[PDB]
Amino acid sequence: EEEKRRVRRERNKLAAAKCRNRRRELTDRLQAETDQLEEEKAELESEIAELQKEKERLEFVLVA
């Protein structure tokens, strides 16, 4: 009788859950890209440090 309201609330809760799963898809993708970019940034910082050390080494050799 009023179980119309029951089906409607179950459906509302399912629609909400699908929308939250779409939101999570988006934020999870963005978060994973961010994680990847942070790792690649760290790698680039480390590489630059090593390359700059080698550059100063070689400059020292060449001034003697």
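Numbering follows the first chain given and starts at 1. Think of the rigid core as the biggest set of C-alphas that the two forms share within 1.5 Å after superposition. First, how it differs from the form deposited in another entry.
- The Cα shift for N12 between the two forms, taken after rigid core superposition, is 2 angstroms or larger.
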The other form holds:
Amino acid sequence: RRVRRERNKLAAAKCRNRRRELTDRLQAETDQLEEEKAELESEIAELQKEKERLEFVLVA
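The block above covers the form deposited in one PDB entry; next, return the form deposited in another entry.
Below you will find a single chain and nothing else.
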């Protein structure tokens, strides 16, 4: 009786901890992806500007 309860408690703690670990890692990679989003946006804007200027120079 007691041993069954104990074993089950340890199984629950195992899955719980593995789940918290995956949660944390997923938060980390999600943050990194957000950073990549911002950076990509900035770079796109900057290259589009540089292209505009480049074309003003090519036209004139």
